[PDB]
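Student: Each chain is listed here by its residues.
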Amino acid sequence: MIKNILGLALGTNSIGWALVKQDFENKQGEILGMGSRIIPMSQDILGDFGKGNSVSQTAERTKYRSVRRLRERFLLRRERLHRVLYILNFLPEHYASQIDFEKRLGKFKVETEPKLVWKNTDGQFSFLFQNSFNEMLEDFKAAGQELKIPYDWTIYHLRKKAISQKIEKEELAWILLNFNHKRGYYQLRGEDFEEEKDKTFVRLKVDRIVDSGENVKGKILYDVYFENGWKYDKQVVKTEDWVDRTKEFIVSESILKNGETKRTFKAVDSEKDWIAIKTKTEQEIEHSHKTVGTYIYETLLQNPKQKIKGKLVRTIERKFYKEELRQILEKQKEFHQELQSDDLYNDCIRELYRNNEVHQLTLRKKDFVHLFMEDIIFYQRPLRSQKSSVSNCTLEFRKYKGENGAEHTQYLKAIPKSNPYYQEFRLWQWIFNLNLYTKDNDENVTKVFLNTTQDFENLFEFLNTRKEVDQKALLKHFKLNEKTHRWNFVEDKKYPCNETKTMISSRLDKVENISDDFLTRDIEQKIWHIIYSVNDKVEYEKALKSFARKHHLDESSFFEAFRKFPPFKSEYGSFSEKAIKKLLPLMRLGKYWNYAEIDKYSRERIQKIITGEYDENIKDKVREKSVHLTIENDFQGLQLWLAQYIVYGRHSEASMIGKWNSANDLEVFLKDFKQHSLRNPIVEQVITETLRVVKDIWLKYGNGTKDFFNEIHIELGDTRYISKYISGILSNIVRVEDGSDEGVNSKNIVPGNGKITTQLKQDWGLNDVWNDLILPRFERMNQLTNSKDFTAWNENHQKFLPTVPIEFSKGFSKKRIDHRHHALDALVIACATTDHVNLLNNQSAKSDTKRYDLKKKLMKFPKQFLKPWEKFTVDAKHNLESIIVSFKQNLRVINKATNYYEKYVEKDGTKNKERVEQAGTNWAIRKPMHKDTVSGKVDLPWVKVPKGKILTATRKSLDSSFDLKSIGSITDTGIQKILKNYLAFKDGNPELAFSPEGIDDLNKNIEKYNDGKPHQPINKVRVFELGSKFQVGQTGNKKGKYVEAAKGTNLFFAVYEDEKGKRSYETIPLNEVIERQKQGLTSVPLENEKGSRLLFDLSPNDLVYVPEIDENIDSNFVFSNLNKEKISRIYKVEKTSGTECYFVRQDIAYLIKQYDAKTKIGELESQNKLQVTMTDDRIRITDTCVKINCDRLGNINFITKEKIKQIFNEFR
Amino acid sequence: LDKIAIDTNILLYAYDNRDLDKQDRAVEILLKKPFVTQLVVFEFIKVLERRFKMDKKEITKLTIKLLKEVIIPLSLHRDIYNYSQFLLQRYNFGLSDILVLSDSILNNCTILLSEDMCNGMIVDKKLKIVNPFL
DNA sequence: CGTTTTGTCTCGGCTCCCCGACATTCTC
DNA sequence: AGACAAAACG
Ligand SMILES: [Mg+2]
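Chains as they are written, first to last, in this note's numbering: chain A, 1 to 1212; chain B, 1 to 134.
Hint data in this document are derived by calculation from the structure and do not stem from the laboratory. Using N, Cα and C, we set each Cβ at its ideal position, and we do this for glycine too. You may find that some hints are simply not true.
[Stated by the list, open to error] Counterexamples of contact, computed for chain A against chain B with all Cβ distances above 10 Å:
1. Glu79
2. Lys280
3. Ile296
4. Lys319
5. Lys322
6. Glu560
7. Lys564
8. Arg603
9. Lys911
10. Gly948
11. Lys1004
12. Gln1079
13. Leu1081
14. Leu1086
15. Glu1087
16. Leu1193
[To be verified] In silico SDA-like pairs for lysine to any residue, Cα to Cα no more than 20 Å straight-line:
17. B:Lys126 <-> A:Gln1034
18. A:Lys896 <-> B:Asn82
19. A:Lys169 <-> A:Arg318
20. B:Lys22 <-> B:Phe133
21. A:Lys814 <-> A:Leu1094
22. A:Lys1078 <-> B:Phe133
23. B:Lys125 <-> A:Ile1074
24. B:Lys126 <-> A:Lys399
25. B:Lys126 <-> A:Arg650
26. B:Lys125 <-> A:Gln1034
27. B:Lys125 <-> A:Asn355
28. A:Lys896 <-> B:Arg90
29. B:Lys126 <-> A:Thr630
30. A:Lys608 <-> A:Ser574
31. B:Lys125 <-> A:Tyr1150
32. A:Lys399 <-> A:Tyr601
33. A:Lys856 <-> B:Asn82
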């Protein structure tokens, strides 16, 4: 009879909901509720998640975290270098004096920026290595370049000199820190590729293109030759860009089995491709036959203008740096005794590893060379273990009792599919599933070739020896051939055939000098474990050699065979090893099968089943299936399902169906939901908010009472993912426990389709209601445009229908410009009974009569459907006109964070490494505190600075975007002069003047545009801006960094009122909010400087009510008599800046037309949002607005007698 | 160089002459124009009217005299209650003492002079209590 | 003061866990 | 590409 129907419409970031109490048989009913919950998301996210471009906050956070981690580890390396050098007594005294070595080890003393080589005496900085500088000047004079060079270039001269000459120890420390600065490229795995691995960057010229007579696509493809005598692998069509062209490729050569190079080709662009640039630099350095340091030094001797960092050497293999540093250290160890003092080596080891005796002892066998390169500078940590994240077996658990007196379950991790046990399991499964067919008559020819256990033993024996099987091999096995038979699987497909043992046996065969019985099952498992667990080159070789020693095998060809074993692919099975070991005995047959190999419980179950006795753990379906398993010997060659049931007693996964009896179950489900559990964050957010809204509706309209919701309908309108998961989760609320309702989804869940929704909407006139609702916006747009193209008269209905001109019809849709259409769709869905969906999804009847009954019951006479009840249109209009859109808010600023770090704790007289928690209150800032660009502060006398504003200058590249107006914003005046002169010489056209060719010409001839006075080349210029930028920090040089507020961080907008009545407005910076919330205070100060009391603070997505001009809302309240007029005066905050706060009416989703700088028109002017109301009064919203509070279901909250009473009733 | 505040007990010891040395010390503090919190003034008024039963007229006149010439009242800070709640979790004192400390700190007071507040204790790394009479 | 315009950190390598969609064979 | 935050323009 009476049915509560809940219709849901789910969008990408919107949730429309409707709840109705319908009595369809009597054509009665009424709309109990309607609404829409909105999750704010920028259009960029909506347009990017379709294609996918790092569309995730979590990914961005991880990126920042990785950057920070690299920075911190570099700092740690520097500090350890400082400590070691200070103990070694190498640092200069003035430098060492400013470094803490007692509490903050190795770090610089607070508010200090010491420089190793520049000594500050009475405010004057002097270079430390004068004689080395003189030597470098002598070398430069010999090269005949110039005698005036920066002092810091001496680093490279020392780097060259250290290779074969003695240098001062301070110079060595400078060199070592310089090496620490630049480490180079390196890959953890290594795995030196093809010995040739040519990968040589070469530049070739095309000699000729003999048309190869390869006519393709109505054109004959030409070949290519290179002066070296090489033919391009690929053919060419466009001859213009190939003839006698100097191209550069990255060619790979491999010695083919025939004994010749299989040269490949790959086109690259130097100075644009990472690999090309890197390989070119590596080849250039190698050809010089000298270390990178001296290469840089000589390139600097030849061209004193050379850019080194970022231009000459960007990135190169770490081997270059390691070799140079090893050479330098080895040479200097011959001169400085401190590098040979074992006492000093021990002292440094204790300094670094006072609490790690094991590592101390290990290092005691090494020397300073190893300590400097291998342990300090070039130590790269290995990857973290991901084994903890592996899935868990669905069958085997363990139970244990913790210190809390509870009994909880530990899980068993799945088995790596490379495991021999899994290989055997898979091979047996494939064997059982195999069955042959004859080509001619397609009959089940099997049972004639695999009919006795001997045949199956033969097949298993054959399969073991292989690593893969195919049609031909399997057919040939039985002596059968292709021309008559097939094997029931993909005729041309191959299947895994125990490749693990194969490869192991093949590499064991190549070793020779061993009897052909060494490889036993136990040895096979041991070898697989060795290969799988020791994933490290040095560790792997040591393990190999050790294994070859313990087993009396000559370790000469063994490691050669196994040193290049391909690592196993990362993939795991459904079950663990324990379950597979249990299931194999049942699956095996023949000599591989033996009764004693079945565990005690499974043997007991076997005895029970053969006996036919009664056990509660054995179902009737069992004896139905196990009728044939009369005797123990029938327990052979059992398929997966039979053995699974026998071992564990469940016919696979039977599910639990479940049923929630109240909102408590749903809220528990929500509480225990895990993050990142679904496809992507967007669907997860939508689903979780949908569940929360459903819980709120349940509590409000049914008190969470059991089976309150008679039926739930769902619609979506990529997004398909949330179609089935949500239905499955919500089946727990609308299920029936009588046994009739069984399946993946409850029969009461009735997914719809767009066809039913649209056809109901058109037949039911809800389209007319929507058009009427949205029309006033279209008359407003008409007035704004002073035209009549946004509204079209129609005579069939004798009214204006909204419309848009063709030029503004790119992607316009009348529905998406609001938030209430979601609720309209929800309402439409909620009244669509199962009959409607069946009728409109299977309208094909095969006979008019059988579906005529549904036609009559649901369609007026087939023209239109009957309304759910007489006043449906009126009710829908009245409800839709009174829907407040509820917006989710994210106002996180600070949140507590927990830090656990490794540390040596002293317990029971022993030092043991464990994770200690960080003490004190450590907050985590949950917003970006500032934009990334950092600008310096400048004072230009020739520009006026109004009080409260400052000038900040940042470097910019000189390009075509520099006109006279822009050229007027450069801090330097000589640059302004030269740029103006150059631009004038170029007809005042920046496109021509400041093109790369123009810039090159200008740098060549800077004399002619600077009165003939010389001038350094110009590549970047500091442009200034006048504004309000705050310092990044307050320590060190951070006071010299000025930044702007990050996007979407003006979250608070304070409104105060003085005794008189006038209002004051302010925007609180995120920083001030951070301190205020850290102190336990409110985000917004409760009083301004003038002492005006704080009326309230506004944040984005907050809802305010703007009273009419005549209305005097001072103590109004009474927020229950909300009619269309009142709701029509509800606005939502969008953005804030200074004293400006922008608003958009709550029911507006997308503008009819946005703003374009050319036409200069928009629904809400240039900002796509207004500081004033859209109505003709056009009143300042902030001048008379009053904040309101709405819940998830869009009901306003206002203090009441009961509310006040409860406020301190809770405390009573 | 350091803003200095006082509690009721300082002015009471000034007002009391049973203890010549302590009265002298308290008067010595007052020669430095120390800051003070309005709640100190109100509590002083209450104690004056209850323990000493002094006339309302005389107490008001002395309050006006001291606030005009010797000490400086501190404007009540609207963030006193929120901060006091913040201080309560980490600090277990009388809510009156917590309020006094809250207002003193909110006014950048660097030293608070009092006895019954566990002398030498630092409140949120911003204000160290000093016991002067020792 | 009210409105529009403008600028906004960017690029490389590699490995190891998880989920889902679609196909194929088999079983219940 | 998008939309905020603020300079910049009247
Ligand atoms: Mg007190």
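Student: With the threshold set at 20 Å, check whether the alpha-carbon distance from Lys814 (chain A) to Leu1094 (chain A) stays at or below it.
Tutor: violated, 41 Å
Student: Hey, does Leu1086 (chain A) actually stay past 10 Å from chain B on C-beta?
Tutor: Contrary to the label, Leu1086 (chain A) does not stay out of reach of chain B, its closest Cβ about 4 Å off (not over 10 Å).
Student: Minimum Cβ separation between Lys322 (chain A) and chain B greater than 10 Å?
Tutor: At about 48 Å from chain B, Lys322 (chain A) clears the 10 Å cut-off, so the statement holds.
Student: Between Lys22 (chain B) and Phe133 (chain B), is the straight-line Cα distance small enough, at 20 Å or below?
Tutor: Holds, because 6 Å separates the two Cα atoms, which is no more than 20 Å.
Student: Given the hinted pair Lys126 (chain B) and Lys399 (chain A), is their Cα-Cα distance within 20 Å?
Tutor: violated, 53 Å
Student: What's the verdict on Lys1078 (chain A) and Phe133 (chain B), does the C-alpha distance respect the 20 Å limit or exceed it?
Tutor: violated, 35 Å
Student: Within a Cα-Cα threshold of 20 Å, do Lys126 (chain B) and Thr630 (chain A) meet the stated pairing?
Tutor: violated, 86 Å
Student: Examine each Cβ of chain B, and state whether all of them lie more than 10 Å from the Cβ of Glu1087 (chain A).
Tutor: violated, 5 Å
Student: Hint check: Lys856 (chain A) vs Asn82 (chain B), CA-CA at most 20 Å. Holds or violated?
Tutor: violated, 68 Å
Student: With d taken as the least Cβ-Cβ distance between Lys319 (chain A) and chain B, does d exceed 10 Å?
Tutor: Holds, because the least Cβ-Cβ distance between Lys319 (chain A) and chain B comes to about 51 Å, which exceeds 10 Å.
Student: Does the structure keep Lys169 (chain A) and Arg318 (chain A) at a Cα separation of 20 Å or less?
Tutor: Since the Cα atoms of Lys169 (chain A) and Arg318 (chain A) sit roughly 25 Å apart, the hinted pair is violated (cutoff 20 Å).
Student: May I ask you to check that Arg603 (chain A) keeps its beta-carbon over 10 Å from the closest beta-carbon of chain B?
Tutor: holds, 63 Å
The structure shown violates the earlier hints numbered 12, 13, 14, 15, 19, 21, 22, 24, 25, 27, 29, 30, 31, 33.
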